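This document starts with one chain, in the form deposited in one PDB entry, laid out as structure tokens.
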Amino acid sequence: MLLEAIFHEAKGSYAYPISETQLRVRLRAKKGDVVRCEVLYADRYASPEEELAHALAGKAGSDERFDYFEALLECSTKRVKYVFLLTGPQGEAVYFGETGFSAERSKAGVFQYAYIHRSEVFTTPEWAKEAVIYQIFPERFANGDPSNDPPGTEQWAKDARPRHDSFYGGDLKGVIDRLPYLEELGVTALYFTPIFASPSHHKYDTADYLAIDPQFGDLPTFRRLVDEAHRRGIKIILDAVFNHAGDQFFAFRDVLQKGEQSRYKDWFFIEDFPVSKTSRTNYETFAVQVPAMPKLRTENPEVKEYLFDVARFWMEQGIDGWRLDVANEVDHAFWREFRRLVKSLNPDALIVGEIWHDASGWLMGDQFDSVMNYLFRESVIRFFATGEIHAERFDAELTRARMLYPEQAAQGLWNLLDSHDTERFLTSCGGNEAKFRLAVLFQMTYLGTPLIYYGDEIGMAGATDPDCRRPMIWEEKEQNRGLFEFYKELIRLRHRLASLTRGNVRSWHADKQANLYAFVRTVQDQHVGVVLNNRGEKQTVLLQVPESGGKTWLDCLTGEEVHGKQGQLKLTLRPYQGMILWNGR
């Protein structure tokens, strides 16, 4: 085999504990290069004469270029040393250890996970493990209070086409009045973009972190929303913009007024006084030259303490978690301490980050619980919407992403289809509902947390921002209730099948020609197979099904009963039809 292509490291995403006495280990090798991967291990202080325990590393998956092997090590001493025994297609074997590769075990050396501390076991909120989150863009969801509308608010109608500076009056009172709707839909949590006091239309340039923006509501109303959502089994997640503040932030205005005499000049990154200009600025800001968004020096103990107080304040209001904005630009220590604070106040508070690149540095268990799965969105867009990639590529992309982080993170990644910053998925699908539905079916049965962008469930459409921010369609006759019932049904299924929320994922079938992809979700003895016919043609396929997993399945969407003959399952799917096969266990 090709030894230079084989990889493992005793940490990060390749070695991490799932409990105090169990260590998961993963290894990658060029696809097809390794046929068998076994792990020989023992306590780090074990005598050189004792027998080593054995652990077979099953092939957890494979992407465009690699095969991924995964094993679980039982380490009652919480300390383990181990070496891999690798076998190729032609029977050639080799030991792989920290020292390197060798036909002799001793010369391969041994990898070591020094000690498994209970406090370092990646732990996430149980409720987030089976949640369906709904993204609320406040200004455009529901206008429950006309008296707080910004001046110049435009009419709330389906034919409305939003302009960058448009206003429709969406607010918290509206969300409250519409909680019955969200409850009927079945969402378990609401995620809000920024809602704190700000002079702009977007609110990403915070003026007051301790107040709800007047156009959206106030503290008493927010408290009411939290309470009303909670009794309906709906949690509240707020967006925290801690990387930078608005130029109206008390600390910044003070600096603008006193210059180098400000007690807060060091809460920011200023090059030289006086501090200001139009399109030009002597201080660091979000992105490039954004005057209204001065970057905060979170490394400053005072800044950090202040933001922590902000976090305490909202959590005292009863919120259930945070979505962090531009989190990759605030330091790690802040995030490690943020987590300690947050979890001490509420062990079930969720911490989600938004990083548009490999987020492994924030997903080891000491910082965020998860991040936005932009990779999922990209794979779903190109597979279901644009048709730029086929089923096998879709499979590879999905798998590569899956292997990026420890299972505790991957399990809670927010899998979005779109956002207030993208065109709506329906529009990406060129208005084709059959394509849109297949994507939703996949979204609701795949590994991760489904995130619904407001209005998508009733068939809203729209080009990218600001056209994706049209006012929510509330007139029942103008909503797509067929789609709505589809989401509701899929959501009910996700909650009834433990596999869909807490199961692992394995590719079941991938055909680039028929463009059919199938995968299986598994937990204990339960298996739920999902078959996706992503083609505008009726197609027949033969899936492999060794009798050990069962020989009878029920399509949870139609009630049809299918049977495997001699370890094979023949299926005929209608155009863009998706089946959710439950093995009855």
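We call the rigid core whatever largest set of C-alpha positions still superposes within 1.5 Å between the two forms. Residue numbers count along the first chain shown, from 1. Compared with the form deposited in another entry:
Once the core is superposed between the two forms, every option in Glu547, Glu50, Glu537, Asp525 stays below 2 Å in C-alpha shift except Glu547. A displacement of less than 2 angstroms separates the C-alpha positions of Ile18 between the two forms, with the rigid core held in common.
Alternate state requested, the form deposited in another entry (shown: the form deposited in one PDB entry):
Partners and other molecules have been left off, which leaves just the chain.
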């Protein structure tokens, strides 16, 4: 074996708890070097005269370079000392522990998980596990109250192509009216990009955090939206732009009015007074120079309690979550205490982050629940849309990503096709429905929470902003009801097929030439296997039957695939057809 490729921390993504009693321990080796990884383990205090309990780390994923094995340690003392035995393809056998590697056990060492605390088990809202979230971008979703409209609202037309400064007048009241469509579609939560009082089109330079911006409505309308949505089973997650405030923020104005005489000067990062709001910044801002967005000193206790009062307030209104913006430019301390705050006021409130790099620091269980899955988007783009990667490069990029974080976070990343900053997915797939449909057929079966961007269900299009932010299409006969009914098909299967929400994922077939990838989600005895034919051509596959069970499997989209003969399944997939083969458990 190449021993200087094998790796484990006894923390992080590689050893963590799933109850006070149970340690998931994950181990990574270079691809092909190890064929059995076994875990021999006992209580941290147990005497040398006890032989260790055993746990086989089965192989759970493989990537570009690596091979990933994963086992579950029963630990009734909530304290475990373990050692890995690693047998290679010829039959070498080696031990790995903290002191290193030996053919003799006791020279390799032990890894220990000193104690499993009850608080320190990453716990996630039950509801979040079967959610389908719908990103409403509020200015563009529905104009339900024309008295709202900003001076210069343009007219709601499918033909209309938005400028960066266009207004169409969408609002909270219009969402209140569109709620039987959201219930039709079957979503379970609604995510608003920031709706809070700001003097600009884009509400990221927050002027007031306790008022809904006048374009979209007011507190009584927000409260009724909450109360109308909750009746239909939809939750309200809200953007929080706590990293920076807007230049009209009460405090920032006071510093502007008074320099150092200001009570609020240290709420911000000022270089020289007087605070020259001009083009040339002399305070820290949202990224380089952005005068309308000074950076808040979240480390300062006064700033910290203000935004905490802001959280409290919106939770009084009854929102079920936050999706946090530039979460990584504010300190870990703030998010740990934010977590505690939000989670005592509402245990089921969801906390998503937005971080465009490995989010592990945040996804330990003590700051956030999940983060926006950019790695899902970069893959689904490259596989279905651009056709820049082939089925095995997909499997490697899926599997690499899956093993970045503990499972409890991984089963909850918001798996998006696009957003209000990216071009639309259909337009990434240059109008081809079948490339799109297959990428949504995956998205509704893979591990994560599906996040639909407004209008995709019904076939919208658009290059990047502002053509992603194009007025929604409400007219039946100018909307793709064929697609709509297909999101409803898939959502209905997500919502009644427990593997899809709660199961794990194993790769089942990757073929570089045919470009067919296939995966199996399983919980407790149930397996549903999604076969995806990503080529323009009718092809055919022998797939070897999955580990746990299947003699007859039903296509949940159409009808029976009883063709399990001699450990192989033979299917012939028409161009771009996925298939969802449930087993009956």
